[PDB]
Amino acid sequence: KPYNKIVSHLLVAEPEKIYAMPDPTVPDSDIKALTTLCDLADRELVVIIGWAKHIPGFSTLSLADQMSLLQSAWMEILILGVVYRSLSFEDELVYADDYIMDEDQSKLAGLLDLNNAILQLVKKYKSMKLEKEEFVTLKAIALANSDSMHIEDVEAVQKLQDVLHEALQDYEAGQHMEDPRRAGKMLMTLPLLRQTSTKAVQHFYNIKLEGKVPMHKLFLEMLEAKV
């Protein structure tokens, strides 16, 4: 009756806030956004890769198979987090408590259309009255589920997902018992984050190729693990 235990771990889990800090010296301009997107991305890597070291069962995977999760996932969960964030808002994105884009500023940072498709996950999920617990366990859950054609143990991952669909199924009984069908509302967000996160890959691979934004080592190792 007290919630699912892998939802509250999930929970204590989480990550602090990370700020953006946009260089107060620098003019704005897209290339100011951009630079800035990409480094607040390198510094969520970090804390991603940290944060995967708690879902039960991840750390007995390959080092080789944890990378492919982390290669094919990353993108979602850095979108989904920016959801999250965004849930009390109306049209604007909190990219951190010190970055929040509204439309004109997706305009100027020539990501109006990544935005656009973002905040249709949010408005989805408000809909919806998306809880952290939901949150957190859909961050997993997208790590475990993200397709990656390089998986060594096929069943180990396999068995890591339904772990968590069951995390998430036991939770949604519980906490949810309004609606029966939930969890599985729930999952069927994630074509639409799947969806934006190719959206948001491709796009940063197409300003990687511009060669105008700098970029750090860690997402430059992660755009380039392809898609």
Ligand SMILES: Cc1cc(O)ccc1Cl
Contents of the next structure:
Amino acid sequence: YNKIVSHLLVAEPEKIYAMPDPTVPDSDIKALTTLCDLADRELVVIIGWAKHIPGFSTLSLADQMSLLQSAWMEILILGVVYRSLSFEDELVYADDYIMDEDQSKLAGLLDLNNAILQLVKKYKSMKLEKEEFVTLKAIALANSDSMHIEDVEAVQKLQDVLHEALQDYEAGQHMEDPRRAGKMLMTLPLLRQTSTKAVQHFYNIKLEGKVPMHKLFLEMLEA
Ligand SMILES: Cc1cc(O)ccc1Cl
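Having seen the form deposited without 4-chloro-3-methylphenol, the form deposited with 4-chloro-3-methylphenol bound:
Now the complete complex, all chains and molecules, led by this one.
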């Protein structure tokens, strides 16, 4: 099938561990510290991953950063969602960090995680495949809607190239539903929405200043 989709598949980064501190008492501050630490490390691999998206590296450093700063959370969320598809009411932030309802409650993330679970539910019924997952991630980056893009035409070209990949993929792989590509595209609004909630919530966590956050995570969160 489509070359871009398969290129994205081989470019998929390895899983990373959350490694929550075994010596620290379980609390909302510990959970949040673990997640922001995990996100910070993921953001690093996400930046290296983006270089593999056709045309992305040709954009100016400025535009590349603009796209990443607008889409970073959507990309992080898609990952959690995909790793959770074969689970029930649980979010696999990492193999060693699976959050259920109670954990979400004590971490003060019940509403955010419930929203991510809404994403998981919809993708489950659509039987989201890994090929579609990786393409959606790339598309989410390209269709980020940054308010500071220098070369609008180039970004639209990137969006177009990736949209075509998904289209070509669905036309060849899912003959039974000539509208599957569109359905995949129609799941983006909920991703954008959930991402916005997460960024807002974690911004308030940054302000309350009771949770340490690393350089890269803070840079994205302060974009
Ligand atoms: C939403 C999210 C996703 C992820 O993969 C790591 C951390 C956080 Cl806070």
